[PDB]
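One chain comes next, on its own, written as structure tokens: the form deposited in one PDB entry.
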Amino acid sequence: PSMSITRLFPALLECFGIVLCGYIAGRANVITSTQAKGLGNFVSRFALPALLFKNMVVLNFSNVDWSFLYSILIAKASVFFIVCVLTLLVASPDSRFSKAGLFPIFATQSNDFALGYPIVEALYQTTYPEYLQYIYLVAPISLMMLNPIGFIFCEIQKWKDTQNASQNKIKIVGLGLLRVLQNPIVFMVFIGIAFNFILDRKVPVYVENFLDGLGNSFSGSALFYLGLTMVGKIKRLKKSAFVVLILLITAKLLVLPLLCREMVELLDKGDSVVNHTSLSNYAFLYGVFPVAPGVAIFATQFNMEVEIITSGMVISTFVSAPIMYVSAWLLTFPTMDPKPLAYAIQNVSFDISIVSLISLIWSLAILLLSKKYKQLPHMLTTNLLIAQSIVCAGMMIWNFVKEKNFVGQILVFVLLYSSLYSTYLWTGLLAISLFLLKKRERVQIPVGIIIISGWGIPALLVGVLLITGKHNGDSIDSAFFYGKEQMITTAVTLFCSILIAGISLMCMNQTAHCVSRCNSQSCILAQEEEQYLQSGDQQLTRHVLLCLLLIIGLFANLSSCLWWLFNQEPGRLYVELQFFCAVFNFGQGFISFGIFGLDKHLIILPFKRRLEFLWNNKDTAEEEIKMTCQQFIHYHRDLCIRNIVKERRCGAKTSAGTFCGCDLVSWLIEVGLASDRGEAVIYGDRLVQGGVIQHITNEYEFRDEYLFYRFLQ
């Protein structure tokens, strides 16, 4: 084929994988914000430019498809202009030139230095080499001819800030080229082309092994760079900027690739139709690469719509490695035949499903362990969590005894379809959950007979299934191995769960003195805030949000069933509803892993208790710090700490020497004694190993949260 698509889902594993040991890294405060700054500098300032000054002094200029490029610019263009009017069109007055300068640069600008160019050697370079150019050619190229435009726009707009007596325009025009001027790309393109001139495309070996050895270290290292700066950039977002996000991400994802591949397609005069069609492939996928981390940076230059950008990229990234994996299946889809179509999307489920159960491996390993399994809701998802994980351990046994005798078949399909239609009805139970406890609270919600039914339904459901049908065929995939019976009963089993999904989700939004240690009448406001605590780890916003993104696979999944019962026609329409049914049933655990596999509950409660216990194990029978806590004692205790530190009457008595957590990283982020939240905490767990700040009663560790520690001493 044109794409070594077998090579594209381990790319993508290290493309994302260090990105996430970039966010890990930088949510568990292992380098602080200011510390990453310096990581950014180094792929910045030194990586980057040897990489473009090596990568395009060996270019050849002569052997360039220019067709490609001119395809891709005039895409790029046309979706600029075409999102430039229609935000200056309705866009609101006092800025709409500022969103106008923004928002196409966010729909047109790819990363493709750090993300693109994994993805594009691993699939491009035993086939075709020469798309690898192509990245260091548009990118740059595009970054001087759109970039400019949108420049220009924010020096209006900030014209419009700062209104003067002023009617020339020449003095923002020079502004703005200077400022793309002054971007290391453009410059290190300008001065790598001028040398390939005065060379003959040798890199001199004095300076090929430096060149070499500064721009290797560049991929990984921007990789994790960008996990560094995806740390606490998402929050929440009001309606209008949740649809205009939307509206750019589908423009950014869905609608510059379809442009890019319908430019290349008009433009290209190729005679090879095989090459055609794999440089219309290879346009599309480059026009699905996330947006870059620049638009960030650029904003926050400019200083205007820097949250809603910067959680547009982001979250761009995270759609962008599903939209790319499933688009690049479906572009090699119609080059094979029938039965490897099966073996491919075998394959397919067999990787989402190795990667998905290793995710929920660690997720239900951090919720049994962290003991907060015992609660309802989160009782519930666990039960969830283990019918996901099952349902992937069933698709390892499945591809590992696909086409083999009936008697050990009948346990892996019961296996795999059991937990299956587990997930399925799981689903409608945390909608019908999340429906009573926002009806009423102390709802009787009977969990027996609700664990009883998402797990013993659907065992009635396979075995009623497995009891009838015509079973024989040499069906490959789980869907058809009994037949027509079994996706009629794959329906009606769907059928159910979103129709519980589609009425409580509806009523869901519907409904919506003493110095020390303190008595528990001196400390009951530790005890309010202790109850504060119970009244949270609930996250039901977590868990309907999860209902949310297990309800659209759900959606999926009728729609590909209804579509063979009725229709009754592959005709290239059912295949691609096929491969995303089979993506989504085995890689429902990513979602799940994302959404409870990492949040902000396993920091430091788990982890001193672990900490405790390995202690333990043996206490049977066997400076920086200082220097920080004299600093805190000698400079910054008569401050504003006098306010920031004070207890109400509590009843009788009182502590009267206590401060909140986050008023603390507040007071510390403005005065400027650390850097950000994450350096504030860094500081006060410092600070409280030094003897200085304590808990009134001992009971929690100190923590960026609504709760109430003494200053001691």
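Numbering follows the first chain given and starts at 1. Compared with the form deposited in another entry:
Assigning each C-alpha to the better-fitting of the two rigid parts between these two forms places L461 and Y225 apart.
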Contents of the next structure:
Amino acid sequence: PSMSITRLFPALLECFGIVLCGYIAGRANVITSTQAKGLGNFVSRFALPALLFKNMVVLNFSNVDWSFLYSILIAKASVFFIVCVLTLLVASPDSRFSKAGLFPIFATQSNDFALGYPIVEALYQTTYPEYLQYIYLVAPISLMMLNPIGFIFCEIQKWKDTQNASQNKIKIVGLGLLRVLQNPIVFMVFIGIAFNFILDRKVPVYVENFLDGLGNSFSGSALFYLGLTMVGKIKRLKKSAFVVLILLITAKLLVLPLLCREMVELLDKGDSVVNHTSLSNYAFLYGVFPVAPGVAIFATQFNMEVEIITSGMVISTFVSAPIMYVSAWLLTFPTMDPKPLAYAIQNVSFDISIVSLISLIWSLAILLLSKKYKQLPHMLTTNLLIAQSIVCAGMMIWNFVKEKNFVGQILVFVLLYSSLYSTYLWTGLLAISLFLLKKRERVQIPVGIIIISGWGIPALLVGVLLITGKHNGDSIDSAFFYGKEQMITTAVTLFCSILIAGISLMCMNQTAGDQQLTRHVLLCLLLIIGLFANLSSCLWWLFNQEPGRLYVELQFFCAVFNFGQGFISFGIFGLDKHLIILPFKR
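Given the form deposited in one PDB entry, state the structure of the form deposited in another entry.
Excluded here are partners and other molecules; the one chain stands alone.
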């Protein structure tokens, strides 16, 4: 495999578990403000400098592959230059240099030590341990090369408020470099190389043990402090600020990873094709790291646009987790034999379901604690969320009995795909429900027969599939548990669902309690996109049975939607707890 992709998911939970635990502790006021700074300064003053000093003093510069460095640095520099120039050309002159300083830093600075290292470590503990030393020397070098340019830009903006015709050019440059030296990670690296020759790579045993204690305490503490500070940082920004965050996070998580792997392609000679492929994959994964929390600190120190910088830092942190997981799996696929590749899709489907079900259980708790499920549309959403819960629960059961006794397989397959067809069908039925409510008529909106049709019809389709279908116990994938008839049944279920959902949403436009039409319509539109992917996948297979082309990436994303849709309904209904039940639960 050369990546150890199976250990990625446990690492991501452990890393974002501490962040979530910190956020929960901060929200519940378990940790006071005075303890927050006590933990905050310890990480920045003791845990981090000890970690940085420990690695660089024993680092062997003789065996360092500097080719990977220049590829990452130029990729970072290219993103820095692109963002800086673009934000200079079309930003308002009053706050043009402040944006030109922090925004390129935002799109290039990454959380390599606190969060990047555990994912990099878990993937490359054994296959490529030399990849671990890169992250400790890529990050500080990047900070001393690009941040001075960004820091100088903020000094220009600061001195503009001071007026005085923007003089003291040497002072503006001087303060820019000075702030970089004052950064703990910059000078403690310089001390690391300093002691790398003075003390030599060998270090006293008692010193080494002391540095291990503080060093191993950084990642856990920094991640906990990360989520601790997230409390009350996301504000309802304007549309212009909302669009900018889309572009800035895209530059960090999409443009930067693509540039990092393309520069490695031509910088790195790659005598071994296998080693070249691993380096290119690692370069892609390094680019998709969240914005470092230290960028938000720079905004507060400079008193510039903290709100957009802090919100982007927090959002990019959570957004990167799906991107890190999905991208790392898709990079492995071109080097998978079709049979182990089948296990790869099942492995992704399994662990997406377990995180999705937790979101669905919370979403059901929010929706059923109140009397929302009494209401006409939210009753329809409740049925859809129950269907999604069984689909996620069915995949967990299916994973353990996919290669076991026949009687066990047939019960789980009925359980899994009767609910899966319901989620396809509930998308259309929910869209019909929105049409009736939007039409605003005296009609009684017969939810009684809707619920029967929502669950009964998928049961009939499964029953028809069983009496007319060919069993495959060898089939690892549940989509091919039956023959082409299952794809015909799946395509028919998807096909009819799209029209009834598509037409109903269209009729709402022609037509134009506490029912959220905008939230429900958004949910239906997002679900339909997943129906397009699944319908395309089924039609592609029927015309061409042979896989291997972009089908394999299409199959991966289809499996992501079928069991990840719960996350799509928790983003909408799970998150917005507000006070609809907060007094109720209190």
